[PDB]
Amino acid sequence: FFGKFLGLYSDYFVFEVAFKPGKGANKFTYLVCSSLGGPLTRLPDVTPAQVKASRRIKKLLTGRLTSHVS
Amino acid sequence: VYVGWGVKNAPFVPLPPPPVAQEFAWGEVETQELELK
Amino acid sequence: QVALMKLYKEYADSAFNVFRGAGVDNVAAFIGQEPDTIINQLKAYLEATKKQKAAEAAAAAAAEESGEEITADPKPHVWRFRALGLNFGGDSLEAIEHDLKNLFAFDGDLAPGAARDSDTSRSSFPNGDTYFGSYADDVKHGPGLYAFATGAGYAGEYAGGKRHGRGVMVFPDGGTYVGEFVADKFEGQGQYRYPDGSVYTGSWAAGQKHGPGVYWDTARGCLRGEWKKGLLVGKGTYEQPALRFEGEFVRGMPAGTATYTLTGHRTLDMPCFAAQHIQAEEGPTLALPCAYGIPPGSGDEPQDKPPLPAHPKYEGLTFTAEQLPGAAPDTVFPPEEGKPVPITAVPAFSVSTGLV
Numbered sequence: 156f157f158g159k160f161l162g163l164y165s166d167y168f169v170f171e172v173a174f175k209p210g211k212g213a214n215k216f217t218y219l220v221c222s223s224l225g226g227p228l229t230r231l232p233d234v235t236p237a238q239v240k241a242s243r244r245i246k247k248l249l250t251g252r253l254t255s256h257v258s
Numbered sequence: 415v416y417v418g419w420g421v422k423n424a425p426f427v428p429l430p431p432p433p434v435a436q437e438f439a440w441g442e443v444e445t446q447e448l449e450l451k
Numbered sequence: 447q448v449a450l451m452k453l454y455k456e457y458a459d460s461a462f463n464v465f466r467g468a469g470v471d472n473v474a475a476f477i478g479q480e481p482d483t484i485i486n487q488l489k490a491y492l493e494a495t496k497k498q499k500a501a502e503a504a505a506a507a508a509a510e511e512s513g514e515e516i517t518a519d520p521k522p523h524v525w526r527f528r529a530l531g532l533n534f535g536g537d538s539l540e541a542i543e544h545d546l547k548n549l550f551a552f553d554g555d556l557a558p559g560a561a562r563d564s565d566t567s568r569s570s571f572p573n574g575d576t577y578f579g580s581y582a583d584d585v586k587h588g589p590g591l592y593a594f595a596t597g598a599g600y601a602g603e604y605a606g607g608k609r610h611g612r613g614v615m616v617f618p619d620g621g622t623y624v625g626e627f628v629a630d631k632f633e634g635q636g637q638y639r640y641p642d643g644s645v646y647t648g649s650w651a652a653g654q655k656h657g658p659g660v661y662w663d664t665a666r667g668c669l670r671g672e673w674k675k676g677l678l679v680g681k682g683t684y685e686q687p688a689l690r691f692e693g694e695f696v697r698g699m700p701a702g703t704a705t706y707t708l709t710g711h712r713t714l715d716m717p718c719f720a721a722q723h724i725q726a727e728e729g730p731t732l733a734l735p736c737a738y739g740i741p742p743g744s745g746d747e748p749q761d762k763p764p765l766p767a768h769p770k771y772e773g774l775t776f777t778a779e780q781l782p783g784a785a786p787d788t789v790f791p792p793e794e795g796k797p798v799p800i801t802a803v804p805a806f807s808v809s810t811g812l813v
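Chains as they are written, first to last, in UniProt numbering: chain Z, 156 to 175, 209 to 258; chain S, 415 to 451; chain R, 447 to 749, 761 to 813.
Hints are supplied without guarantee of correctness; some may be wrong.
[Stated by the list, open to error] Going by beta-carbon spacing under 7 Å, a handful of chain Z positions derived as facing chain S: (1) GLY158; (2) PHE160; (3) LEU161; (4) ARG244; (5) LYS246.
[To be verified] Estimated spans, in silico, between C-beta atoms of each pair: (6) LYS499(R) - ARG230(Z): 46 to 56 Å; (7) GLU727(R) - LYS246(Z): 22 to 32 Å; (8) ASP482(R) - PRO227(Z): 49 to 59 Å.
[Said to hold, decoys possible] Taking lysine-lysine pairs in the DSS-like style, the calculated list, with each CA pair at most 30 Å apart, reads: (9) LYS608(R) - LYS547(R); (10) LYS770(R) - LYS422(S); (11) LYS770(R) - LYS246(Z); (12) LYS608(R) - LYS451(S).
No lab work stands behind these hints: they were computed from the structure.
Think of the CB as a built atom: it goes at the ideal place given N, C-alpha and C, for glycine as much as any other residue.
Could you build the full structure based on these sequences and the hints that come with them?
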């Protein structure tokens, strides 16, 4: 269990799994849910571009995954 | 564990407008001329 | 006590050949056609110059690797004869040292006297640049056309031997200019297109941005203000779809009082928290007074002190805001102070439509 992220309209429970590209910072996979016991969603893999681009902003999560950022 | 909003704790400086591009150096683009009387 | 007959080479990469590539009558129709067409033609010339340079370098390297030489002109050309008969009172060749040069170089309506004058003439220079256009009083004047050795070109108006008036120019890096010149440099109204894709449409002086202009950048955001000696100085605004920054600028860097106006675009379609906002004819825009900060020693004008905040890190740049924000009128993008938009892939933002 990684933790919980608070959003504006919903929240994110985050689980970190290992599954029996696959190294560096993508060694683990992350599944998020809005409520415990609800349907899970796998997050994509991280790319250094979006890490570097998020390192320059400061945003509140909206609790919806299909939302714009900046 | 981590519980929170996701925001770092550091002095936040919003990004300035990006740089403006310069032009070509005039010292290497200048009209020549032939000799004068 | 002198006679006259001349033979010369005329390379295929020269201003005259660039002119003949167009199906127009004279130079006054060449520089008179649509500006983008002139840009296309000058770009074609630039590409030709680069190809010739590369081919010459490659052939020289290859012939040198075998230990052998060339001893030939590596450039495509044509020979020509100039039907000229002139008389010169000077006895020795050195006495006509001036006019001789003109014979070797000017290739236009000459005369034993001074003040080379022609409505059509094609001159060449010791560096390789070539001019085709009008002459008046020993120097270039009127409509002309210039081809630099490095592949830069110009097709505008001349005066006093330098660019003057309306003009179109293409530089070897790919940057172009369409506007006004004064004494071989930019001056007055001009639109410059940089190699990155950013367009500056504004006022110039002594060959640099000076006065009020609009600068659309690669990030698709327009920066207005009033440049001075190249740098944006004073009150300047910057815009993006749901953003606006109005503040002081010191040597292009923001420093001093400012105001950030931001709209919340991410949640425009998610339900509102208060039923007062659902039907309110005012949008979810804010406005924050704030200030930027620069190291003390810097910000001066050169003629040690800490350096200015460079682009990647902005080391030394601080930002202070300690008041509340307040409501503000809704923003729109692009700002009408920027239209017509000179680049592509610029979105459009409002509140009744969101980001598009």
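Status of each hint after checking the structure:
1. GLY158: Since the shortest Cβ distance to chain S is 3 Å, the answer is holds.
2. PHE160: The hint holds - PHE160(Z) has a Cβ within 7 Å of chain S, the shortest such distance being about 5 Å.
3. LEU161: holds, 5 Å
4. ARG244: holds, 6 Å
5. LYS246: Where the cut-off is 7 Å and the nearest Cβ of chain S is about 5 Å from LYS246(Z), the hint holds.
6. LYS499(R) - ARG230(Z): 46 to 56 Å: holds, 54 Å
7. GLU727(R) - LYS246(Z): 22 to 32 Å: holds, 31 Å
8. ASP482(R) - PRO227(Z): 49 to 59 Å: holds, 55 Å
9. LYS608(R) - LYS547(R): Within the cut-off at roughly 21 Å; holds.
10. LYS770(R) - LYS422(S): holds, 18 Å
11. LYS770(R) - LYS246(Z): Holds. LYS770(R) to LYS246(Z) sits at ~17 Å (cutoff 30 Å).
12. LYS608(R) - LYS451(S): This hinted pair holds, its Cα atoms lying about 18 Å apart.
Of the numbered hints stated above, none is contradicted by the structure.
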